[PDB]
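Just the one chain here, the form deposited without adenosine-5'-diphosphate (ADP), laid out as structure tokens.
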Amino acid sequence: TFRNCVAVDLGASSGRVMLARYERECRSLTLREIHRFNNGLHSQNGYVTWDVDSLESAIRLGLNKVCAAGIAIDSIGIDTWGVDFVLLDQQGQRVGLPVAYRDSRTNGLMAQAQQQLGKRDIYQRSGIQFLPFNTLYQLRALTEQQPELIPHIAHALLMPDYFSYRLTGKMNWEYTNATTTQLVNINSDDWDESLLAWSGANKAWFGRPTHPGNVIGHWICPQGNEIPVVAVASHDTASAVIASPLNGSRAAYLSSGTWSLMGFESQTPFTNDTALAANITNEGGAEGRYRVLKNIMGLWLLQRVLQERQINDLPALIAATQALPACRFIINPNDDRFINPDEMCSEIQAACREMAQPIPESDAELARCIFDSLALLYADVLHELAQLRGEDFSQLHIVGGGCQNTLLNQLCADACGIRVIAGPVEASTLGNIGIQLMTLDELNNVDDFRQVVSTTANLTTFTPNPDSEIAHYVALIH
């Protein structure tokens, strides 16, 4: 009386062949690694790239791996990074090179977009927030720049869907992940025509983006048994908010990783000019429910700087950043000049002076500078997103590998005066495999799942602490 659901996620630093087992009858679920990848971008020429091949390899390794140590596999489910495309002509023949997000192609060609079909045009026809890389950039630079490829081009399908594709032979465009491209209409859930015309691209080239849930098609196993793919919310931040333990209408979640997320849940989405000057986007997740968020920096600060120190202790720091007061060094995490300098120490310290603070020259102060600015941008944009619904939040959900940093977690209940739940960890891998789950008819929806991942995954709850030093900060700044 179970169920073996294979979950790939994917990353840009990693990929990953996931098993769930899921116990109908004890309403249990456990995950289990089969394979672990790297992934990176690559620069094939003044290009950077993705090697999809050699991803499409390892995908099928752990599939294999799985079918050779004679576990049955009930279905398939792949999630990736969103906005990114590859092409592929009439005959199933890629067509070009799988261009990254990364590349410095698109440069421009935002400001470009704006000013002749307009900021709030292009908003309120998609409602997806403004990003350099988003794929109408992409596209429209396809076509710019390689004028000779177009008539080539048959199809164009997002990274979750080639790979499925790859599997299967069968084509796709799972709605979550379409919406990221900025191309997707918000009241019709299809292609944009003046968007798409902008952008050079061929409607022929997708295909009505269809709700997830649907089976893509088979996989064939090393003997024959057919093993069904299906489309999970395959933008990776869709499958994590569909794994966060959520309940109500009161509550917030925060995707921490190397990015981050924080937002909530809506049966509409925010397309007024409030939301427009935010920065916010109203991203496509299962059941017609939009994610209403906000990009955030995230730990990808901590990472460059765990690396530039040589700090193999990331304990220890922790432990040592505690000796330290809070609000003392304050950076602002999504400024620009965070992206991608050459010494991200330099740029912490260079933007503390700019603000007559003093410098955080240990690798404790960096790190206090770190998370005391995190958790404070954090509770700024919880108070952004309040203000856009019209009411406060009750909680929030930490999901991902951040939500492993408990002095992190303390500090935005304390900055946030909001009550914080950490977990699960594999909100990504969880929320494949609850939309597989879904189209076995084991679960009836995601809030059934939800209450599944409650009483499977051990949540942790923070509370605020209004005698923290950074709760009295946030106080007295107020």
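Numbering follows the first chain given and starts at 1. Superpose the two forms; the largest set of C-alphas matching within 1.5 Å is the rigid core. First, how it differs from the form deposited with adenosine-5'-diphosphate (ADP) bound.
- Rigid-core fit between the two forms: of 387, 90, 362, 274, the one residue whose Cα shifts 2 angstroms or more is 362.
- Relative to the superposed core, residue 347 undergoes a Cα shift of 2 Å or more between the two forms.
- The rigid-core alignment places the CA of residue 375 2 Å or more apart between the two forms.
- The two forms, fitted on the rigid core, differ between the two forms by less than 2 Å at the CA of residue 108.
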Contents of the next structure:
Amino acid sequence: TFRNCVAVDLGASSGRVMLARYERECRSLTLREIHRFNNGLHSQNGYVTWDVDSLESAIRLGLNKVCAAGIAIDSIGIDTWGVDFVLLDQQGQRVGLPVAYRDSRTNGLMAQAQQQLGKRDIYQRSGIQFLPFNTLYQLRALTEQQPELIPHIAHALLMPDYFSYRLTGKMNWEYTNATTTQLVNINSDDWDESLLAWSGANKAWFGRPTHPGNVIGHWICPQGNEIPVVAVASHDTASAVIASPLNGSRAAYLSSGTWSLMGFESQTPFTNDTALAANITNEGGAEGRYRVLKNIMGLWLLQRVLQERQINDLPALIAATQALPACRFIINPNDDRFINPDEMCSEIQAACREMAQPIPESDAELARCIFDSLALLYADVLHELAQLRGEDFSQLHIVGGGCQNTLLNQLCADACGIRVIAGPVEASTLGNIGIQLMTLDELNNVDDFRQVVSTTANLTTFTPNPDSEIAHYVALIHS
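Now show the form deposited with adenosine-5'-diphosphate (ADP) bound, given that the preceding structure was the form deposited without adenosine-5'-diphosphate (ADP).
Below: the lone chain, stripped of partners and molecules.
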């Protein structure tokens, strides 16, 4: 009566196949890693792409490991990073390259859309934040720059649905991730005809978006037994929010990985002029609970620094960084210059120099700049969100790999002046498992699932310190 559910969670920096064991009567939820594998950008023929074939093989390797162990798999579910897609021909073969959202093909196109359609028009239709790599702009790039591919395209699948298709042979268009495209009309939960038209994409390439929980199809162990593949809240951030142990209207989340996604949950979207000016997004959530959030460039900046300076001990870097004084180097991490510069360290240094600040040069200084700059932006955004909804927050839940950074957890609490609760680490995996359990009739809703997480996961409390360096800094930049 315990259920064995497999979650595939693909992030920009890593993929993971994990196995959960759940039994309702016990309120016991355990999670084991089956297969962890690298993911990251590839330079391929002058483009920045994903190696989808290696990701698919890695997923299969993990699934086949569970099968060969003789475990009765009750379900499988897949979540990935948002926005990106794979084009398919009439026989399901890939068309063109699997270009990544970090690619520069889209440069200038978001401004073009605003000029031709109207910024307010796009925002009112979609309720989605302006990011220059939104799918809306990617499809414009594709149809403009690669017209010869167009007749060959039968379907476009967002990344999670692409892998679900490779496992089942069936196509799906999952709602929570569909909303990341800036192509879904917020009033209809269906593709917006005017936005599709501008992109050059064909409505026939898609299907009506379907809310999480449906059985997409089945996958088969080397044995022959049919295992349902479930559409989960397939946008990784949507899954992370599900597993965040939010406690009522006064709780916010910070989903911390490659990106930092800071937001709250709402029954209704915010598309007013305040939201528009703040560039706030209203992403689709399980249960129709909007994820009202902002993208923050996040630990991407550090990932790049680590590779450039050949740093292989991140815990040591964090410990060293703790000893450096705070707020000497402040950049705006959300500046477009940081999306994909060739030289991240140089870009951070240039930004600091431009602002008449000392230059962060040691490994620990670069890390310090990143952590303080993120924490100040966290405080800015949390303020914007509270102001927008007309309600303060009493706790901030930090989840994701980033929630292991105890330095950044405390900086966030101190800058925001809010209690921080860190954990679970693998929130996307857990929310993916949650929806699967719901389709199995083992769990009733997201709120019930969060009660499980809160009695199962390791949660660490960071109390705001009013006398901290960053708290003192924030106090000064108010008056």
